[PDB]
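Colleague: Listed below, chain by chain, are the residues.
Protein chains: 2
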Amino acid sequence: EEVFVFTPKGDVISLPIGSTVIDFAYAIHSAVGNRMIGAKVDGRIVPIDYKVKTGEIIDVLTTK
Amino acid sequence: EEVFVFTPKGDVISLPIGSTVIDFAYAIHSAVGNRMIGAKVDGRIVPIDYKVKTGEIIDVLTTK
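First to last, the sequence lines map onto chains A and B. Offset between the first sequence (1-based) and the UniProt record's numbering: plus 395. Offset between the second sequence (1-based) and the UniProt record's numbering: plus 395.
Take the hints with a grain of salt, since some may be wrong.
As the list makes no split between identical chains, a pair holds if one copy fits it or if it spans any two.
[Unchecked claim] Below, in silico cross-link-like pairs of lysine to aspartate or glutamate (DMTMM-like), each with a Cα-Cα straight-line distance of 20 Å or less:
no.: 1; residue 1: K459; residue 2: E396
no.: 2; residue 1: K435; residue 2: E396
no.: 3; residue 1: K404; residue 2: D437
no.: 4; residue 1: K404; residue 2: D418
no.: 5; residue 1: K435; residue 2: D454
no.: 6; residue 1: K448; residue 2: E396
no.: 7; residue 1: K435; residue 2: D418
no.: 8; residue 1: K459; residue 2: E397
Source of the hints: derived by calculation from the structure; they are not laboratory data.
Chain A extracted, bound-state conformation:
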């Protein structure tokens, strides 16, 4: 019912199964989710509705 995804730093963020990289962004902080332009999972770019999996390192790219 949950997935445990890593932050590029190493910290863990838990989300309910079926969560996307957008859910991860907003989980980090609203500012990250609002300014998101894309996300990389384990170093590879993925679509905006990519469903994340436990153990993956999610790097959210922001408009900056």
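Guided by the hints, dock chain B onto chain A, whose structure is given.
Modeller: Chain B in isolation, oriented as in the chain A frame:
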């Protein structure tokens, strides 16, 4: 050593001893640090250079 604090969502993040709410902001994501203007600890506003303590909930205010 290091200190560990909470995210308003519930997730845990680790920081080296002495880290201020500003270090926390950047640790969570560059965007949060870059757009930061204020900080709340356990629900109460605090100066931006406040030294966080293990167990505290850190809510970073960003340019709205």
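Colleague: Taking 20 Å as the upper bound on the Cα-Cα distance, should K404 and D418 be classified as within, between, both, or neither?
Modeller: Both: 18 Å inside a copy, 12 Å across copies.
Colleague: Since the copies are identical, ignore which copy is meant and state whether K459 and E397 lie within 20 Å (CA to CA) inside a copy, between copies, both or neither.
Modeller: neither (31 Å within a copy, 30 Å between copies)
Colleague: Taking 20 Å as the upper bound on the Cα-Cα distance, should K404 and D437 be classified as within, between, both, or neither?
Modeller: Answer is within; shortest intra-copy Cα gap is 12 Å, inter-copy 23 Å.
Colleague: When no copy is named, should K435 and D418 be tagged within, between, both, or neither for a Cα gap of at most 20 Å?
Modeller: Within one copy, since 14 Å is at most 20 Å while 23 Å is not.
Colleague: Using 20 Å as the alpha carbon limit, work out where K435 and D454 are close: within a copy, between copies, both or neither.
Modeller: within (5 Å within a copy, 25 Å between copies)
Colleague: At most 20 Å between alpha carbons: which applies to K459 and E396, within, between, both or neither?
Modeller: Intra 34 Å, inter 32 Å, cutoff 20 Å: neither.
Colleague: Taking 20 Å as the upper bound on the Cα-Cα distance, should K448 and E396 be classified as within, between, both, or neither?
Modeller: within (12 Å within a copy, 31 Å between copies)
Colleague: If the cutoff is 20 Å on CA atoms, where do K435 and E396 land: within, between, both or neither? Let me know, please.
Modeller: neither (23 Å within a copy, 31 Å between copies)
Of the numbered hints listed earlier, those contradicted by the structure are 1, 2, 8.
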